[PDB]
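Let the sequences and hints guide you as you build the complete structure.
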Amino acid sequence: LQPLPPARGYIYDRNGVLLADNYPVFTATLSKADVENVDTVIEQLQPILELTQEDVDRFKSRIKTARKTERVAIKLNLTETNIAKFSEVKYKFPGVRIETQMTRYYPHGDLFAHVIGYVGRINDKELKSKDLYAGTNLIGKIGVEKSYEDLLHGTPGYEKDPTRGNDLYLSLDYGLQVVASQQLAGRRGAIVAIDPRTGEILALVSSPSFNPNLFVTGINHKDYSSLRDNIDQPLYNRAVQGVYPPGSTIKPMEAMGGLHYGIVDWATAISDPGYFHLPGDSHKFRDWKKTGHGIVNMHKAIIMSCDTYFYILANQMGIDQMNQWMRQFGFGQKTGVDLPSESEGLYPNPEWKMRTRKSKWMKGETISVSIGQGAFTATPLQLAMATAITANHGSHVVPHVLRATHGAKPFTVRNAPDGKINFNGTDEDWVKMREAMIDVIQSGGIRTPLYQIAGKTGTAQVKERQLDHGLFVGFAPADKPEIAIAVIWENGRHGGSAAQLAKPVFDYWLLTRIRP
Amino acid sequence: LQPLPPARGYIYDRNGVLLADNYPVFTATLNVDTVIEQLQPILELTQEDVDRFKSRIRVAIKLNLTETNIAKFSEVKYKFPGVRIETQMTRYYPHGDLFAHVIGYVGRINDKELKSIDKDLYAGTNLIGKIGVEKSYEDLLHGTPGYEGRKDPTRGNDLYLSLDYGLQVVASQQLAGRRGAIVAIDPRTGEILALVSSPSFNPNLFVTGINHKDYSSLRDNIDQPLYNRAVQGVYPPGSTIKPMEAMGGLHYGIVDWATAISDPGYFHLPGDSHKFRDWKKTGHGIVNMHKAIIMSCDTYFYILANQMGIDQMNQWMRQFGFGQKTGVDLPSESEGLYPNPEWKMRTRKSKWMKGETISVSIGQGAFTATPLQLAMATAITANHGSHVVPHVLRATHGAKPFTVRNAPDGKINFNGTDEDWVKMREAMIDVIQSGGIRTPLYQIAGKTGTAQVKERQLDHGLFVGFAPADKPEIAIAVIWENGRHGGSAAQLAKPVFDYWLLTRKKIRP
Numbered sequence: 021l022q023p024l025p026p027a028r029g030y031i032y033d034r035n036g037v038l039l040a041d042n043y044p045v046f047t048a049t050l051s052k053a054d055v056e057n058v059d060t061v062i063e064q065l066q067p068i069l070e071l072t073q074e075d076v077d078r079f080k081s082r083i084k085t086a087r088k089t090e091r092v093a094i095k096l097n098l099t100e101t102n103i104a105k106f107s108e109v110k111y112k113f114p115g116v117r118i119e120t121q122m123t124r125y126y127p128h129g130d131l132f133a134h135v136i137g138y139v140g141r142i143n144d145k146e147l148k149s152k153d154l155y156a157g158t159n160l161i162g163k164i165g166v167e168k169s170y171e172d173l174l175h176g177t178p179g180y181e198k199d200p201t202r203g204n205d206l207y208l209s210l211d212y213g214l215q216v217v218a219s220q221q222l223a224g225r226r227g228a229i230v231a232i233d234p235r236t237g238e239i240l241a242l243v244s245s246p247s248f249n250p251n252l253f254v255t256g257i258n259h260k261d262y263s264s265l266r267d268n269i270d271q272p273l274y275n276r277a278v279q280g281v282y283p284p285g286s287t288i289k290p291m292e293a294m295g296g297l298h299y300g301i302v303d304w305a306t307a308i309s310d311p312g313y314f315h316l317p318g319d320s321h322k323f324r325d326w327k328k329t330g331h332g333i334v335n336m337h338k339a340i341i342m343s344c345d346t347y348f349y350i351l352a353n354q355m356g357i358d359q360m361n362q363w364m365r366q367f368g369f370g371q372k373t374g375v376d377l378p379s380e381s382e383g384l385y386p387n388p389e390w391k392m393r394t395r396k397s398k399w400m401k402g403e404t405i406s407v408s409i410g411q412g413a414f415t416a417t418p419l420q421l422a423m424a425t426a427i428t429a430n431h432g433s434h435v436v437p438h439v440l441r442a443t444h445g446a447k448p449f450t451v452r453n454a455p456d457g458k459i460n461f462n463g464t465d466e467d468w469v470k471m472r473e474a475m476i477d478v479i480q481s482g486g487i488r489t490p491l492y493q494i495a496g497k498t499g500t501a502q503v504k519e520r521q522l523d524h525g526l527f528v529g530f531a532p533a534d535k536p537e538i539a540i541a542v543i544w545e546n547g548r549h550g551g552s553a554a555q556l557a558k559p560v561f562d563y564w565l566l567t568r573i574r575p
Numbered sequence: 021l022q023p024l025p026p027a028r029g030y031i032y033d034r035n036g037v038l039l040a041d042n043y044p045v046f047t048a049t050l057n058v059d060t061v062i063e064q065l066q067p068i069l070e071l072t073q074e075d076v077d078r079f080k081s082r083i091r092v093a094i095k096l097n098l099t100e101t102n103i104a105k106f107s108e109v110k111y112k113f114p115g116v117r118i119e120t121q122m123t124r125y126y127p128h129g130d131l132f133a134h135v136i137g138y139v140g141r142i143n144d145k146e147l148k149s150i151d152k153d154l155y156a157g158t159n160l161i162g163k164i165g166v167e168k169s170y171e172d173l174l175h176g177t178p179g180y181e196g197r198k199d200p201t202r203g204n205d206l207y208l209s210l211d212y213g214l215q216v217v218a219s220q221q222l223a224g225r226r227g228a229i230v231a232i233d234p235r236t237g238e239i240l241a242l243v244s245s246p247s248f249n250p251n252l253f254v255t256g257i258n259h260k261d262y263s264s265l266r267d268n269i270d271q272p273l274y275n276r277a278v279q280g281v282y283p284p285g286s287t288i289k290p291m292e293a294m295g296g297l298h299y300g301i302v303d304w305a306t307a308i309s310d311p312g313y314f315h316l317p318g319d320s321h322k323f324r325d326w327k328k329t330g331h332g333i334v335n336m337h338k339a340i341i342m343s344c345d346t347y348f349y350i351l352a353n354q355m356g357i358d359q360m361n362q363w364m365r366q367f368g369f370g371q372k373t374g375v376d377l378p379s380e381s382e383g384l385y386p387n388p389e390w391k392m393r394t395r396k397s398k399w400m401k402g403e404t405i406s407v408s409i410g411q412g413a414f415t416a417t418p419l420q421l422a423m424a425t426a427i428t429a430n431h432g433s434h435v436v437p438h439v440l441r442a443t444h445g446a447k448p449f450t451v452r453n454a455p456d457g458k459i460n461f462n463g464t465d466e467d468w469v470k471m472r473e474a475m476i477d478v479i480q481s482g486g487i488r489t490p491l492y493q494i495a496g497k498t499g500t501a502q503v504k519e520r521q522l523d524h525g526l527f528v529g530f531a532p533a534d535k536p537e538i539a540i541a542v543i544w545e546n547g548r549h550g551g552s553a554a555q556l557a558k559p560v561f562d563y564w565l566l567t568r569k570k573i574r575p
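As you go down the protein sequences, you meet chains A and B in turn. For reference, each letter of the first sequence is one residue, going 21 to 149, 152 to 181, 198 to 482, 486 to 504, 519 to 568, 573 to 575 in PDB author numbering. For reference, each letter of the second sequence is one residue, going 21 to 50, 57 to 83, 91 to 181, 196 to 482, 486 to 504, 519 to 570, 573 to 575 in PDB author numbering.
FYI, nobody ran anything at the bench for these hints, they're computed from the structure. Each residue gets a CB set at the ideal place from its N, CA and C atoms; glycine is no exception. It is possible that some hints are incorrect.
Facing chain A, a subset of chain B residues (Cβ under 10 Å, in silico) [to be verified]:
1) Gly179
2) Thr201
3) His298
4) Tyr299
5) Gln359
6) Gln362
7) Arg365
8) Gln366
9) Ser397
10) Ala446
11) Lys447
12) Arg452
13) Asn453
14) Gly457
15) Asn460
16) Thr464
As a list, the in silico DSS-like pairs of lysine-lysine whose alpha-carbon atoms are at most 25 Å apart [to be verified]:
17) A:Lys322 <-> A:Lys504
18) B:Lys198 <-> A:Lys401
19) A:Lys398 <-> B:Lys152
20) B:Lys338 <-> A:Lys398
21) B:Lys145 <-> A:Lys88
22) B:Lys470 <-> B:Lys458
23) B:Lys458 <-> A:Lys372
24) B:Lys391 <-> A:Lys391
25) B:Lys145 <-> A:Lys391
26) A:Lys148 <-> B:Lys396
27) A:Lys396 <-> B:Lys145
28) B:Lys148 <-> A:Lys396
29) B:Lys401 <-> A:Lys88
30) B:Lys396 <-> A:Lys152
31) A:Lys52 <-> A:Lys110
32) A:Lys152 <-> B:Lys401
33) B:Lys391 <-> B:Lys322
34) A:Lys401 <-> B:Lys152
35) A:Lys80 <-> A:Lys110
36) A:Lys396 <-> B:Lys152
37) A:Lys84 <-> B:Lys396
38) A:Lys168 <-> B:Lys458
39) A:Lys112 <-> A:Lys52
40) A:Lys148 <-> B:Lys398
What follows is the structure, given as structure tokens:
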């Protein structure tokens, strides 16, 4: 009864464009039923196979637990020198076998590293959790490979045919991923593209990327330290882990809450003296334009990104109601994406402050939040979802990466919005807010003559590396949206700059539609 | 800066039928030991009402004061200065027994255990949601306070349940005097159209605090009117489970609609003497899938399970809602148990035996399901595999923002044709014609089952089904505790099907 381990499944894009693979290598096995006492044997072949002190520790861990009949890998994917140095002594080690196995390959490694992740060597912590993983050398460690490890893994067999792991079709588009990646080539930040009708992530780039293949068989302490100590942090996933102050990208949604709670009209106007002062308080809270913007109804506020209009709206609305509603767009909470280490962001409230800083909430801390400042931070993923919901007229979607799986194992794949934001407004309001956001593009310059983009821009302050971040959220075609994009250019200065990154993505998806 | 507490929101059915409201009452707010003896004849305080008030120790002496004790206290107002007379709201359930197990009740907020976890939000708030909808949606229902310059409080949100008053009445009658549950889901959305656990009880006894006499009636009643058989009760689902489990055969490629077996009336594990027994000792002869469903052969599913394996058996059945909470927006939802080697190793430290698989193969193992799970599994089956989440809330109206899910969760990838679902429907219609629930006006699909207990020793009868079969609008799970054979249970389901599908465009209160 020898275990026959199962083929890890392939991962494709939404088009069959192959993104993760299995190809054969030479690996040195060593079953317990073929050797008298392992610990000695390993010591002899350490210099001949160039085993590191980690490679022996790892091999011993499996052997102790492993069945007699199951072969345990001593060194994986042998280099041609390990092959040569062992073949000379091939017969002086009889129990040791050296035959063909599979490792994982990422044909387009940098491109999808931050969505697909990689597989690692299965280790100590993982070993304390079956007989499922008998012939299995590798486990998913981050990304899709982790979050969908069980679907991908397969089902073992014996000497009974093993059941091959499930194929995964991501909702990502090879082409759209390429375009967005180029947009952030040489630059730090993120670009997320969601289909608003579904919540499908059409493209997700955090930049710089890294090569996942370096991790599959174990990575050099030399190579790993270069990535971990790069100052641009290629290993950090800015789309699902990175968090940023959203700035005025939030104003369209926060305006919709004004309509929802009845605090404002589309015709409601304020006199904008260039500041807002809390009642019975002298500290002036300053518009970005210190002279002001004159009389400002909702539509001028969005077009011109007035802070003063939203200082007042927040003041009347209050942080509690401000929390309750903005959260409906995805803020302050994980989005639910089927990817491992997703960040919560922070939409601040007195409950968070009482535990974090044991101080009562100050009415002025609200004012900072209303313009996307203060403690308010969102992941690029969250910002894109908020823009998808705003594009789709309030239908709450879940950002997800998986489109279909094919295989023996049963699985349920989410492909429609879960529910609709109760909203005491017309549908017309969503349509008016779109038209406002079309004007953000027209009235201020990444215009296209082929379709209409709705969008809003923002700028965040850093916690050269000190330059403000540029943010841009938007969707197109505006009337009947198909894709919403959040871009965060780190140290990108003006937000409109970030819009420039977003246009080629839009253009590719809506107009332009393989090998490296 | 005195707080102004917020009006709790109203709860309706899906048609505006009012199911819970608040009405204004007079209550006497407030050493206390001397005054109460003087204030007892005036306010008609019982020895229980005084005990509560001393234990409770502004604190209420008596709630909902009659006009007379208000008049009789007004002449003596001066001998009691601290005693004040204020307005409060209490909660009323126009149809208490009918919707008790869906709406629950509000209790007194007295629970310091709950009165320490929350905020100054409940400032001036006397009532809190205790079980059911009132608990699960306490925050939506609660509202937002105000003060004294005065600030109007924001009232709680009105709730529209996906439940239908008429359909609830019909279903409730079916179990009048009987124990069990009936759940009706819309398979297109997962909306719960009806949910009755029987016996019921009157929730209004809880709003103001419940008497040890009244509470002891309910807690020590043998029928357990306080137990929610729909969302907490679990039963062995038995042969109701077969349509889904057969669909898993198709998905794993193990069987065809044409694949047939010889049923000698038993199944023999290879190299093993213990015979596994068909319900019909004669057998059923040659049995393809379609015969299997109509005649509820245990043998056909004994074989399929063995080939499928418990692990593969788990992956598939869990897609229908079994072994895990369904997600209903009601408080205490029970998981059920779809057993697996993981559960046995952790629970009883024993390796899984191939025969334990066989018990589960016909829904008679450690397998237990809630009527919720059964309704959901049948909804998905009617629905060709789109995973729905059973939910009770249809809309809310109010100031607080809320998101309401009212569409299917996702779609089971299924390595079959769409037609397999259509072939399985036709099988389940054939269950109705061939084996007295049939109607010529629409097509019912169904399957029957029987569970064994531990009159009240009679086996339970189960029935799952949906209609109209070709374009399903409603799926029902029925469980008569001690209803003998399922089929009795099916009888409870036909009036419900009929009210929804026929009568309901001609039952108001």
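Each hint, compared with the structure:
1. The beta carbon of B:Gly179 comes no nearer than 12 Å to any beta carbon in chain A, farther than 10 Å, and the hint placing it at the interface is violated.
2. At its closest, the beta carbon of B:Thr201 sits 9 Å from a beta carbon of chain A; the interface hint therefore holds under the 10 Å criterion.
3. Below 10 Å, beta-carbon pairs count as interface contacts, and B:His298 has one with chain A at about 6 Å; its hint therefore holds.
4. The interface hint given for B:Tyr299 is met, as the beta carbon of that residue sits about 6 Å from the closest beta carbon of chain A, less than 10 Å.
5. Satisfaction of the interface hint for B:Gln359 is found here, the shortest Cβ-Cβ separation to chain A being roughly 8 Å, below the 10 Å cut-off.
6. Taken as an interface hint, B:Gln362 checks out: its beta carbon lies about 5 Å from the nearest beta carbon of chain A, inside 10 Å.
7. A distance limit of 10 Å between C-beta atoms decides the matter here; for B:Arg365 the minimum to chain A is near 8 Å, and the interface restraint holds.
8. Annotation: B:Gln366 was flagged as interfacial toward chain A, and the flag holds, the nearest CB pair being 5 Å apart, inside 10 Å.
9. Because the beta carbon of B:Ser397 sits about 16 Å from the nearest beta carbon in chain A, more than 10 Å, this interface hint is broken.
10. About 6 Å separates the beta-carbon of B:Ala446 from the nearest beta-carbon of chain A, less than 10 Å, and the hint is met.
11. Because the beta carbon of B:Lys447 sits about 6 Å from the nearest beta carbon in chain A, less than 10 Å, this interface hint is met.
12. Because the smallest distance between the Cβ of B:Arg452 and any Cβ of chain A comes to about 4 Å, under 10 Å, the interface hint for this residue holds.
13. Given hint, B:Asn453 at the interface with chain A, holds; its Cβ is 6 Å from that chain's nearest Cβ, closer than 10 Å.
14. Contact between B:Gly457 and chain A, as hinted, is supported at the beta carbon level, the nearest pair being about 4 Å apart and thus within 10 Å.
15. Proximity of B:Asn460 to chain A holds as hinted, the smallest CB-CB distance being about 5 Å (cut-off 10 Å).
16. Among the interface hints, the one on B:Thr464 is violated; its C-beta lies about 15 Å from the nearest C-beta in chain A, farther than the 10 Å criterion.
17. The straight-line distance between the Cα atoms of A:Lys322 and A:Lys504 is roughly 24 Å, inside the 25 Å bound, and the hint therefore holds.
18. For the given pair, B:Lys198 sits about 16 Å from A:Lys401 by alpha-carbon distance, which is consistent with the 25 Å threshold.
19. At roughly 13 Å between alpha-carbon atoms, A:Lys398 and B:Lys152 fall within 25 Å of each other, so this suggested pair holds.
20. Pair hint B:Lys338 plus A:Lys398 does not hold up; C-alpha atoms about 70 Å apart against a cutoff of 25 Å.
21. For a cut-off of 25 Å, the pair hint linking B:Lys145 to A:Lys88 is broken: about 60 Å separates their Cα positions.
22. Note on B:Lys470 and B:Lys458: the hinted pairing holds, with a Cα-Cα distance of about 19 Å set against a maximum of 25 Å.
23. Pair hint B:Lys458 plus A:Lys372 holds up; C-alpha atoms about 23 Å apart against a cutoff of 25 Å.
24. With a C-alpha separation of about 45 Å, the suggested pairing of B:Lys391 with A:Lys391 is violated against the 25 Å cut-off.
25. Of the pairs offered as hints, the one joining B:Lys145 and A:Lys391 holds, with about 24 Å between alpha carbons and a cut-off of 25 Å not exceeded.
26. With a C-alpha separation of about 17 Å, the suggested pair A:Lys148 and B:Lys396 falls inside the 25 Å cut-off, and the hint holds.
27. For the suggested pair A:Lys396 and B:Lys145, the alpha carbons sit about 23 Å apart, so the restraint of at most 25 Å is met.
28. A hinted pair counts as satisfied when its Cα atoms are at most 25 Å apart, and B:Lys148 with A:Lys396 qualifies at roughly 20 Å.
29. Under the criterion of a C-alpha separation no larger than 25 Å, the hint pairing B:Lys401 with A:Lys88 is consistent with the structure, at around 24 Å.
30. A distance of roughly 15 Å separates the Cα atoms of B:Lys396 and A:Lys152; the hinted pair therefore holds under the 25 Å criterion.
31. With a C-alpha separation of about 18 Å, the suggested pairing of A:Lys52 with A:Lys110 holds against the 25 Å cut-off.
32. Between the alpha carbons of A:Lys152 and B:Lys401 the distance comes to roughly 19 Å, so the proposed pair stays at or under 25 Å and holds.
33. For the hint pairing B:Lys391 with B:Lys322, the CA-to-CA distance comes to about 23 Å; that is within 25 Å, so the pair holds.
34. With a C-alpha separation of about 18 Å, the suggested pairing of A:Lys401 with B:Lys152 holds against the 25 Å cut-off.
35. For the proposed pair A:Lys80 and A:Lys110, the alpha carbon gap of about 21 Å is at most 25 Å, so the pair holds.
36. With a CA separation close to 15 Å, the supplied pair A:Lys396 and B:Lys152 stays within the 25 Å bound.
37. At most 25 Å may separate the alpha-carbon atoms for a hinted pair to count; A:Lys84 and B:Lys396 meet this at roughly 22 Å.
38. For the proposed pair A:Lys168 and B:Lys458, the alpha carbon gap of about 22 Å is at most 25 Å, so the pair holds.
39. At most 25 Å may separate the alpha-carbon atoms for a hinted pair to count; A:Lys112 and A:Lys52 meet this at roughly 17 Å.
40. This hinted pair checks out: A:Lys148 and B:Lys398 have alpha carbons roughly 18 Å apart, not beyond 25 Å.
The structure fails hints 1, 9, 16, 20, 21, 24 (numbered hints given earlier, in ascending order).
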